[PDB]
Amino acid sequence: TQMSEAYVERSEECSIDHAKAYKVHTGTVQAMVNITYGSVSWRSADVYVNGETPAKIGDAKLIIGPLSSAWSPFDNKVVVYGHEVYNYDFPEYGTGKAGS
Amino acid sequence: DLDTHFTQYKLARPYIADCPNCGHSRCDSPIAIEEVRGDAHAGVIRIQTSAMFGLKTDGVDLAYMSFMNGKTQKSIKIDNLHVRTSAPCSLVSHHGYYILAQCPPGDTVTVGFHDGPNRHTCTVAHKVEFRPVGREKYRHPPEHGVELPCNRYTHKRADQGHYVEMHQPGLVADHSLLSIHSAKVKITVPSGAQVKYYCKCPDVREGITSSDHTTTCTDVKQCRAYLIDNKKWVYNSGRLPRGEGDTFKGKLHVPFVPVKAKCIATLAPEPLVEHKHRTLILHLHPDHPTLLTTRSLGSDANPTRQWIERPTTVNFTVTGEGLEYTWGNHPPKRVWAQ
Amino acid sequence: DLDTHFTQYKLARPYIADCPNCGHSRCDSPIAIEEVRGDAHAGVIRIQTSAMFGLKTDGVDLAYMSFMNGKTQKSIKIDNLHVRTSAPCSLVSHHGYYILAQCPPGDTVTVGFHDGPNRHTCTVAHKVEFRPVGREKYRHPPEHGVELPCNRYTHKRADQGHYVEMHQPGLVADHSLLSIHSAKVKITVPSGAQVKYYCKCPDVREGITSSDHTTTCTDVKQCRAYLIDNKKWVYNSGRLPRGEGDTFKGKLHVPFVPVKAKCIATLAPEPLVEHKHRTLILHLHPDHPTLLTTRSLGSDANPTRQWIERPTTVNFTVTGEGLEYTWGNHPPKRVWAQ
Amino acid sequence: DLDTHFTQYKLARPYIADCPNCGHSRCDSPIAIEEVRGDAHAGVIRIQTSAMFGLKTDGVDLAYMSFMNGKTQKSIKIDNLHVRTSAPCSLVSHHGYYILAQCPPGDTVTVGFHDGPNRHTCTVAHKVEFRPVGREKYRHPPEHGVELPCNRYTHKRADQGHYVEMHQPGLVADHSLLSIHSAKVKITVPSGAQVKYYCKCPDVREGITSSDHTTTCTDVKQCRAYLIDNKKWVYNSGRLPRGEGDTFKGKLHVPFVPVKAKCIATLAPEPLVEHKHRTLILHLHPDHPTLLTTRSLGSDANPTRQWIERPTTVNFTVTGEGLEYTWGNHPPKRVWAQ
Ligand SMILES: *[C@@H]1O[C@H](CO)[C@@H](O[C@@H]2O[C@H](CO)[C@@H](O[C@@H]3O[C@H](CO)[C@@H](O)[C@H](O)[C@@H]3O)[C@H](O)[C@H]2NC(C)=O)[C@H](O)[C@H]1NC(C)=O
Ligand SMILES: *[C@@H]1O[C@H](CO)[C@@H](O)[C@H](O)[C@H]1NC(C)=O
Ligand SMILES: *[C@@H]1O[C@H](CO)[C@@H](O)[C@H](O)[C@H]1NC(C)=O
Ligand SMILES: *[C@@H]1O[C@H](CO)[C@@H](O)[C@H](O)[C@H]1NC(C)=O
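Protein chains in written order, with the authors' numbering: chain B, 101 to 200; chain b, 1 to 338; chain a, 1 to 338; chain c, 1 to 338.
Note that these hints are calculated values from the structure, not bench results. We treat Cβ as the ideally placed atom computed from N, Cα and C, and that holds for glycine. Do not rely on the hints blindly, as some may be mistaken.
Straight-line distance between alpha carbons at most 27 Å, and here's what the computed DSSO-like set of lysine-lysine pairs gives [stated by the list, open to error]:
no., chain 1, residue 1, chain 2, residue 2
1, a, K127, c, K77
2, c, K127, b, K127
3, c, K221, b, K156
4, c, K137, a, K137
5, b, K137, c, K127
6, c, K77, c, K56
7, b, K262, c, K127
8, c, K74, c, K10
9, a, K77, c, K74
Over 10 Å on every C-beta distance to chain B, these chain b residues come out as not near it, computed from the model [said to hold, decoys possible]:
no., residue
10, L62
11, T72
12, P142
Given these sequences and hints, build the entire structure.
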């Protein structure tokens with residue numbers, strides 16, 4: 101009689117190449133603004149979009165946003181493969197069909 | 001600095017197994033292959049052969065291979081280590097059980113060395129394909145172009161990213177140990193190695209001995225000519241039966257760990273751009289099948305992906321919002337409308 | 001035993017014919033290929049070369065080859081005999097005129113040893129296609145899987161299923177025999193030969209003789225030297241001029257006749273069933289292009305047969321009558337509905 | 001006769017250049033490949049390697065080759081020169097920098113000799129297709145058939161149809177000239193050749209000398225180690241720097257000029273003709289894809305042509321004006337109807 105056994109273990113290549121499932125929320129947007137007003141002719145400010153945060157780089161202080169459109173190109177489910185982003189609908193954890 | 005891998009070099013020994021297509025049939029070649037990892041991009045393949053080439057018997061001769069012939073190992077030259085596919089391949093590096101080589105695409109992979117009086121080849125059926133990294137589905141690494149972050153197996157060997165277990169091997173039969181003592185069967189030992197021994201007739205039931213004789217059975221074909229020879233451990237291959245005692249230590253690092261290097265990819269010839277009134281005509285001639293993508297900058301993307309092989313002329317309605325296109329692996333370019 | 005084949009071993013002679021692609025152009029190679037028979041299943045090829053393999057001049061052998069250079073059979077050890085296709089093959093066995101080899105798919109077959117100072121190869125245009133036995137259009141015999149009643153050529157040689165003709169050789173020409181003695185042309189015979197003298201000058205036109213000389217003619221380019229070597233016999237090849245006499249008998253048995261053996265066939269991955277109301281959703285993940293056949297069990301067969309290669313999901317309407325589907329080489333199964 | 005082309009023989013000397021895929025990586029092989037010319041009909045290829053094949057040092061040894069090993073050349077035999085593609089090719093003639101061979105179809109071309117202790121091969125990504133003469137899309141030259149006016153490279157070399165410029169090569173670096181004079185970097189000379197020389201630090205600024213020493217700099221990786229050696233000229237290769245002094249003349253003839261030869265072409269099996277009222281029925285059983293064309297002889301030509309691969313039966317409405325058809329490369333036939 102022969103007692104043969106086998107189990108599935110993730111490949112060594114998983115350390116470098118591997119897809120990443122991601123569920124995303126609304127989040128908060130940021131911007132880099134340059135203001136060359138008056139005679140100062142310069143700014144280099146990183147700012148938010150929430151309608152409370154002041155930004156007081158150099159001498160002037162200002163507030164930005166919130167955005168008029170809540171448009172997010174990302175879907176609720178997002179799959180990231182190394183460098184490119186795909187809005188593929190990964191099913192859920194621990195439920196993947198074989199072959200798919 | 002090649003002497004810092006003696007765990008692979010000394011604790012392991014050459015090994016033999018069922019090659020599915022050894023020559024004209026399924027013999028038991030000393031270079032039976034298993035777990036070919038053809039998942040890189042630059043055409044490189046990692047092959048785990050049963051034979052364990054590396055240093056010589058004690059500590060030297062990196063340029064020598066050591067396979068097992070019969071009861072014993074034999075360290076010889078590596079003169080004609082051949083790896084083949086639909087087209088002949090080219091060796092790159094070898095270490096332990098694993099040999100790193102690059103092959104053209106093909107349906108089968110073959111490995112064969114040369115003892116000198118013997119061929120000793122082995123092959124297996126396994127799909128091999130290599131799509132280059134990028135949008136230009138070429139078929140051979142080009143002379144020039146742009147670089148991209150490909151996936152390729154490391155050229156080096158002194159890495160410990162992953163490990164492979166080497167336990168004690170399981171007993172191998174060899175009926176040539178069963179010499180004849182005029183009218184009875186006489187087992188003899190390799191160096192004092194353990195010989196699990198017993199026949200279908202009632203006689204010595206264990207065998208942990210020097211050279212015994214058999215009192216009861218007479219025909220060698222009904223006797224256990226086994227060798228327990230775990231003085232040098234082996235990899236837990238699927239072609240070798242398991243040692244009932246225990247899985248010994250000997251956790252051995254994978255020689256060639258895949259890493260995210262930067263391969264050189266091809267670049268398609270630049271398209272000939274012709275402008276019309278509120279429409280973009282792309283006069284282009286692809287050398288190899290390349291996909292081009294277009295994406296409107298307005299609210300509605302209206303994307304279009306299309307691999308093209310033959311020279312073709314395409315058109316695009318460039319709206320006031322604007323249009324952008326990516327021909328091949330060239331950097332993306334956008335466009336206006338009046 | 002091996003020496004129980006004297007009819008082909010003693011009497012046959014290695015002949016030389018007009019290979020179509022002898023190296024650069026069509027020379028007269030001693031290995032002129034004839035009657036390539038790639039009609040088996042698993043990819044085994046029978047080639048009827050013009051050389052006589054196996055037998056040394058000295059009765060019989062197997063580690064030797066007899067090929068004809070010049071007027072004499074310069075027999076040697078067979079040592080580097082190539083059998084090539086789109087990829088190089090691996091020969092199985094050789095017996096006199098015939099050599100059985102296993103090749104990968106390709107469109108050309110080339111044969112050649114390499115006697116060392118010279119190559120002496122030969123090729124011929126003939127497509128070789130290998131359909132594996134079964135429902136799966138595979139490429140190479142896999143390690144495992146089910147077995148099916150294939151048909152192929154036996155490696156055994158001691159068979160007499162079929163015979164081929166072998167009669168007296170024709171009048172081989174040899175210009176090198178027309179030497180001159182500074183006054184008239186001198187004919188020569190090596191040993192036991194009986195050459196024919198013919199010349200353009202008005203003289204004795206018949207000239208059947210042993211060692212002798214011309215009557216009057218002097219211009220070597222105005223003569224013919226035909227050689228007779230009726231001591232041995234050659235195969236009835238279509239590239240060799242017929243002897244003017246009788247069809248000498250002697251049936252050379254064909255060493256490798258087709259037989260009904262058992263080849264290992266591939267085994268497609270099991271489909272993933274998913275039941276649905278009066279509907280059979282079938283998930284398929286083929287490894288190689290495999291036939292899928294289904295038929296209704298009711299009064300109307302409603303057949304459906306379509307090759308599937310890329311993984312896809314197909315659905316069928318399983319009525320209360322029942323449905324049957326045969327995926328790959330798996331045994332057929334049946335289904336109901338509620 | 002063969003020594004009547006000394007313009008190339010003595011005046012030119014092979015050099016080293018940057019092979020795209022030398023061995024396993026981008027090394028600087030002495031057999032660097034340039035200008036793969038796959039334009040012949042019968043699959044004949046011309047390759048221009050940077051190594052000079054042909055005569056020995058002065059005028060002899062057609063069976064020898066000359067490559068450049070570091071700063072000096074060493075002519076050896078042609079023992080194991082091999083040009084290879086998807087399948088191994090068959091060399092026809094070698095002369096100067098050029099090799100003529102007949103390769104199977106394939107995507108990559110490789111050239112490689114064998115020095116005996118090392119391979120020293122090179123390869124470049126460059127597809128080579130087969131273009132059968134005529135209308136019959138075969139894959140290898142058949143042994144018979146009707147011949148056609150193909151275009152093919154000639155095996156002859158004593159031709160003067162075309163020339164290629166052979167200027168003084170640019171200078172080459174050799175860091176092995178930069179020995180150490182115990183504490184300073186020190187430059188030798190090959191034979192009195194011109195050693196252009198200077199370092200980052202201020203020292204001897206030209207270098208037109210015998211073996212100099214450095215006064216200023218210390219590191220061998222901070223000096224120009226050059227050799228102006230235009231006592232022997234080199235091809236105008238795009239992989240070597242060009243000496244700014246001047247561009248020498250000395251154009252030598254191209255070995256293998258294309259010629260309008262006559263290749264054998266395949267002949268498709270003849271059609272089985274069948275007929276009905278004003279209606280030709282045509283049975284076709286092609287072995288390889290062959291173009292069929294038809295043409296009505298009336299006022300309206302009404303042409304129709306289609307590549308047919310699978311066996312098929314087609315029809316044609318034959319008017320009393322008559323109909324012509326040209327299956328394969330068989331002479332055109334024509335007909336009337338009732
Ligand atoms: C913030 O925004 C202003 C307005 O767009 C930016 O002004 C532009 O700055 C560039 C240099 O970054 C000027 O052009 C460059 O000027 C130099 C000096 O004359 C010249 O050598 C370069 O060839 C180049 O022309 C540009 O004239 C100026 N204005 C405009 C209308 O573009 C400013 O740079 C931004 N500040 C930051 C910190 O990003
Ligand atoms: C693209 O523009 C060319 C301009 O000559 C025109 O002939 C062709 O029909 C256009 N193609 C499409 C799909 O509109
Ligand atoms: C089932 O059949 C429908 C109709 O032919 C088809 O569109 C669909 O892809 C099939 N498979 C599944 C999983 O629904
Ligand atoms: C004529 O053409 C048809 C296809 O249009 C083909 O099926 C048939 O065999 C041919 N024979 C006749 C009826 O002329």
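Do the hints match the structure? See the list:
1. a/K127 / c/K77: Between a/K127 and c/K77 the Cα gap is close to 36 Å, so the pair fails against 27 Å, i.e. violated.
2. c/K127 / b/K127: holds (22 Å)
3. c/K221 / b/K156: Holds, at roughly 26 Å.
4. c/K137 / a/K137: holds (25 Å)
5. b/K137 / c/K127: holds (14 Å)
6. c/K77 / c/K56: This hinted pair holds, its Cα atoms lying about 9 Å apart.
7. b/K262 / c/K127: holds (24 Å)
8. c/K74 / c/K10: holds (15 Å)
9. a/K77 / c/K74: Not satisfied, since the Cα-Cα distance of roughly 35 Å exceeds 27 Å.
10. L62: Consistent with the label, b/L62 stays out of reach of chain B, its closest Cβ about 24 Å off (over 10 Å).
11. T72: The claim holds: b/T72 sits with its nearest Cβ about 28 Å from chain B, beyond 10 Å.
12. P142: holds (21 Å)
Violated hints, listed in ascending order, are 1 and 9; each of the other numbered hints is respected by the structure.
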